[PDB]
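To begin, one chain is listed below as structure tokens, in the form deposited in one PDB entry.
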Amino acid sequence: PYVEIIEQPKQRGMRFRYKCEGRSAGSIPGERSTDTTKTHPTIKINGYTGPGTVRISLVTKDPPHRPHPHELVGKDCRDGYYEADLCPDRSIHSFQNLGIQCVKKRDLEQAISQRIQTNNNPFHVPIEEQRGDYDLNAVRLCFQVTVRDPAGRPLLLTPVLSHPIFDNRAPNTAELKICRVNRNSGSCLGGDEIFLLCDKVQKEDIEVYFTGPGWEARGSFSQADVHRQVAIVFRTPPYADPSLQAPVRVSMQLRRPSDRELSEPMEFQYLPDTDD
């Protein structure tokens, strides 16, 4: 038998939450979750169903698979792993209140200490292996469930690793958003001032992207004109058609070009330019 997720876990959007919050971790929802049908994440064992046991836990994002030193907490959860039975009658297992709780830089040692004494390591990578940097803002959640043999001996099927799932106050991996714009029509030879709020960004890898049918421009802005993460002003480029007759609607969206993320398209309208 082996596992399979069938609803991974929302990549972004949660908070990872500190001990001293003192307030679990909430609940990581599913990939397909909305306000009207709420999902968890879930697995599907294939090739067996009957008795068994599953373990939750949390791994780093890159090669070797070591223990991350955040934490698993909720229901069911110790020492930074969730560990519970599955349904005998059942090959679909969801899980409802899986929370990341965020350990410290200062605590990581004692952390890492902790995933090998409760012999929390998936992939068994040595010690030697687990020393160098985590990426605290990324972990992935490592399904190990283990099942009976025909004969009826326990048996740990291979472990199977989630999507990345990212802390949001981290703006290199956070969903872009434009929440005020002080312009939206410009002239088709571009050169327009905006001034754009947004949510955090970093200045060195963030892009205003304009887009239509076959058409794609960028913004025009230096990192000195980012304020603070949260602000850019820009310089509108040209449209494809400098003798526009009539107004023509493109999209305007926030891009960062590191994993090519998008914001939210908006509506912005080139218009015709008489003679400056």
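Residue numbers count along the first chain shown, from 1. Basically, rigid core = biggest C-alpha set you can superpose within 1.5 Å across the two forms. What changes on going to the form deposited in another entry:
- Relative to the superposed core, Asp62 shifts its CA atom by less than 2 Å between the two forms.
- Shown in the overlay between the two forms, fitted on the rigid core, is a CA shift at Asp167 smaller than 2 Å.
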The other form holds:
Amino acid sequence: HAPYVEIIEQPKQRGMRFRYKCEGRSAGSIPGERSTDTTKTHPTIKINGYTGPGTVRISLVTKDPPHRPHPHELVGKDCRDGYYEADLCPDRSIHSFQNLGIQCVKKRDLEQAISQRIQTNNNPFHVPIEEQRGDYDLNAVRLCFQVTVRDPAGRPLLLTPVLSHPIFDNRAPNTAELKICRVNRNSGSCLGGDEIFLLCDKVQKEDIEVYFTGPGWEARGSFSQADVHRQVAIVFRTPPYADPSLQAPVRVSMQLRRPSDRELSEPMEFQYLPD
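Please supply the corresponding structure for the form deposited in another entry (the preceding block corresponds to the form deposited in one PDB entry).
Here you get just the chain by itself.
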């Protein structure tokens, strides 16, 4: 059977922000989803079903089909003309990539951006030319691994290209990471009504909400668009909890939620107390 590429460490979906050329060479690498504050992972693949020599190429493609070459660029070790191409270390069959960086393009110099992709023949999915002219979501991209091994006869057999999870630019509020930074109170009674000042990262009044959860219970904070202070702070009212006579502290979860993406932030923790 034909050998295949397998992604064992997806790139983290949010948090990293696409960096402009001017911000320098030391912009950073894109981290793996399974990464964290303690552990620092990186996109990794396994070419299970082959360990010999070969070559690997990585590039950027749009989020939605047809997966056409993206105007942004990958920069870092072994990158050129916007793509990464190097030889697969022949020792192990598991390969990780810790020097991948995304370099966004000035909205201006976009026309030439699609040009370089063309003129350099990147097209991992050979999408017809008429397809790659339209608009491009400059906040969403996906990694594409075009690996190349060798058949028994010793000839180069390029495998099927694989797409990783999407990577959203953090410098865009609607595509960015949600995060509750601090709260002026985290108690409130089990009958709701308590007011809270919540400080968070850039959000948008039209597309945001405070989601309260707990087993067998779901509710939302009450607040209005005017209560969203400069995209960085929200003042809202706690909702009524399940048990009206909830004697004995009950600890629920409170998180930020964006309707458009249905995305949620890591929980904050809150306790509904009796009375």
